[PDB]
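Here we start with a single chain on its own, the form deposited without the partner chain, put down as structure tokens.
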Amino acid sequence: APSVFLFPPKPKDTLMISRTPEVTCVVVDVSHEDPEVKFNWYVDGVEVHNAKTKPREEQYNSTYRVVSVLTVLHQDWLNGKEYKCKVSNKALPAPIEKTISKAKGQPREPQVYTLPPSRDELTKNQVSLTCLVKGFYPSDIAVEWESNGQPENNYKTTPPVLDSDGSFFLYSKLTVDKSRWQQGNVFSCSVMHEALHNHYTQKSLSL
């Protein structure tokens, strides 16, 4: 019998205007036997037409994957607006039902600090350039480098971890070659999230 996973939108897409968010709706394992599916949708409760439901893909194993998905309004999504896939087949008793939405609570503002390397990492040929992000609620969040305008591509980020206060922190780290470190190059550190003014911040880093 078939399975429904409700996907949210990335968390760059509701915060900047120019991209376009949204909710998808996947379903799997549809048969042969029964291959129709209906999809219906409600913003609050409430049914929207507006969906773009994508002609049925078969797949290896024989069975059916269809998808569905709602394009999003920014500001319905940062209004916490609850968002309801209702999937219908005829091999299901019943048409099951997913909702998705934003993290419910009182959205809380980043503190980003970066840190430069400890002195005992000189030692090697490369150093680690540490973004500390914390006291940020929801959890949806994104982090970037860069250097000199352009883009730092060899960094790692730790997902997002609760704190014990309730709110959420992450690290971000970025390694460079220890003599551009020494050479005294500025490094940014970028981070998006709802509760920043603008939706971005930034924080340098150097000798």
Second form
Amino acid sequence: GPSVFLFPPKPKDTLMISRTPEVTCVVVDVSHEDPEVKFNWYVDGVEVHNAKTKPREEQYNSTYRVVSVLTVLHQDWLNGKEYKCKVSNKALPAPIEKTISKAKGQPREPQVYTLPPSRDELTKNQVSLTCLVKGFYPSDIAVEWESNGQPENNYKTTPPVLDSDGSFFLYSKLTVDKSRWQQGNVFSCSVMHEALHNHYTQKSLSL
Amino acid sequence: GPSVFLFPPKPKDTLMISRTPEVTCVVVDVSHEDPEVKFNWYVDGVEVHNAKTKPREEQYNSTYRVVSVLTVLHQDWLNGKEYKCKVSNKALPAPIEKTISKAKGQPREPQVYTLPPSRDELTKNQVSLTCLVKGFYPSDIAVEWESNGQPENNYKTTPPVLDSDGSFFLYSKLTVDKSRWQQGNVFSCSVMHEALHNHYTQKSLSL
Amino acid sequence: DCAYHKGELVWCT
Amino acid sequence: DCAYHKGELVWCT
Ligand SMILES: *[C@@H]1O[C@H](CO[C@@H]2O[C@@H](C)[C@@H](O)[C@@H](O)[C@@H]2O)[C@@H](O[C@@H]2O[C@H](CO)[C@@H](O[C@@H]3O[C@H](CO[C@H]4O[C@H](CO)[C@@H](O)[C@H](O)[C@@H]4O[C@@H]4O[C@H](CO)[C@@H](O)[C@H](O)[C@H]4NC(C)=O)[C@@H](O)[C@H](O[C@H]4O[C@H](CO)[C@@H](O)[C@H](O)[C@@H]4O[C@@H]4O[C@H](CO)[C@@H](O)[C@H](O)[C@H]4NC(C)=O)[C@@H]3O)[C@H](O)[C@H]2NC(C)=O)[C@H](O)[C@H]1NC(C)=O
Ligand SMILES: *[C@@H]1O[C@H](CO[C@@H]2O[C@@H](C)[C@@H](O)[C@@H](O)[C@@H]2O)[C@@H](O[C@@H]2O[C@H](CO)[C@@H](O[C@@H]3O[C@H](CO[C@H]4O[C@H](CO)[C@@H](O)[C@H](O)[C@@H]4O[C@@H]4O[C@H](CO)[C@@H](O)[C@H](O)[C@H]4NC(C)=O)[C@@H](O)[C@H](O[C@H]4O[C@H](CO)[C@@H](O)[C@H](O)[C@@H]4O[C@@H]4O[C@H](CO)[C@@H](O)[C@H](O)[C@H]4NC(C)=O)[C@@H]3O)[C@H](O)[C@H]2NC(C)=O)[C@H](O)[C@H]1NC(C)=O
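Switch from the form deposited without the partner chain to the form solved in complex with the partner chain and give that structure.
Following is the full complex, with the preceding chain placed first.
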């Protein structure tokens, strides 16, 4: 019948004390004749009850989608607590238990390197500012780019790539017209991640 | 009942004359009561019969996996001919078909760029050599690392990611010993693409 | 000492 | 003249 999906919260939300991380338990394919869903929650066997249900929706393919969102404590998630969501629906011979939680593995620092644009690119019209973000763990990470207080617009970040030592890397290349680059502007790479100090560092680039 | 997948040539098998590219038609979940599977190949609507069938191997999940494979031509894969398999089986109301062309889009050639390891990374036991490959279409590509005629090993290459003005790009990190690097050995990033002159270019990197 | 991200407090220690 | 990778003919022009 229904099929459920448990989701982590954004790695910006777990790493920023400003933000507020949420586990999201999505029950899709919910029947039309029998749309009642019960969510028990468990934070390590411990049943907890501060979770809200988000508004019922139809979807248009004759099935409801029902979602229960659960607040989490940054501290809790970042340590490794198993979150369990147990869904039950009359259209189901037995409750479905789905259980998430970040990568088991000792956290490891991201070493962060700003690589400039190749000599062979003064030629080109727009150029390539590069950010190597290697040696980190888990892969849950947030990488953005900025200049003089402002977010730099058009960049692109590769997916984390498993490396031969168990750790992870990714690249981010900002594209910016020679003109800019050439004019002494400072562009910076802002990485934020668990094993980082205050979950945040920034490395920059110029001339 | 049965189910079927169609697969392109290996990038490199299609971009070098030395090698001979193949398209591969896999028919998983073949019965064993009615294991007999018959094919028809078409190249742009034109049926072709010079095409071998691979040994029929048993999967151990109560099904057969029978594969047909059809030699193609470097010349006319890169050009755009549309290869089409065509499975029919007794366990199957109508013949199934899928058609594997390449990537409809102008070929655009890749720029290669060798970005030395960051100043801040000479402390570490090992340093990262970077290959920025930017601005190619289609994303079908091969990338490797060599040094003094020899195939440098522990490297790792991000997947192609779509890049904003239609094009594609990846990175590739080579990991060498800080020692080797400072000796001044040259390490080359080798790149094969349909939109390259002679499908090949090679860029260099060293102290 | 604190980190901020585009001015939005990240973490303190 | 022709392109070689690892000494294996790629493509000639
Ligand atoms: C009726 O309609 C609804 C909705 O309709 C939808 O939209 C319409 C207009 C049509 O075009 C439809 O084609 C379309 O589906 C249908 O509901 C869909 O149902 C399918 C399954 O039946 C679900 O598939 C799952 O997808 C998850 C990932 O889900 C995200 O990404 C989607 C886009 O990629 C996005 O739309 C979703 O919103 C969701 O987005 C994430 O949501 C979180 C939470 O809010 C958010 O924070 C994120 O930012 C957001 N990300 C975005 C937006 O990009 C996928 O992971 C599942 O795959 C796993 O499941 C497979 C089997 O289901 C399994 O075989 C795989 O191996 C894989 O398994 C897991 O892998 C991980 C790690 O590898 C691990 O957990 C396990 O190893 C393994 N777990 C297992 C196997 O249990 C899955 O495919 C759709 O998400 C869902 N759509 C929506 C919008 O909810 C419904 O089916 C229709 N009914 C019918 C047709 O009868
Ligand atoms: C009975 O067993 C068989 C055999 O399996 C095996 O059985 C036992 C012994 C166990 O050991 C198994 O684990 C073992 O594998 C079962 O057959 C499996 O069936 C599934 C689905 O039914 C197939 O999945 C498909 O897989 C392809 C990719 O598969 C390649 O890679 C495999 C490893 O990843 C490799 O083992 C495969 O053989 C195959 O390898 C390629 O083969 C060619 C030639 O041989 C070679 O040149 C390549 O190098 C090689 N690649 C390698 C080795 O990496 C997957 O891509 C398919 O995905 C499409 O379709 C899905 C829907 O069916 C969809 O969900 C996917 O997202 C994907 O969708 C497509 O996505 C692309 C973009 O990504 C998009 O452009 C398309 O439009 C889109 N198409 C859609 C959506 O339709 C597909 O999932 C397995 O291949 C197959 N296993 C084997 C070995 O063949 C069988 O199911 C069992 N029956 C049961 C249990 O009842």
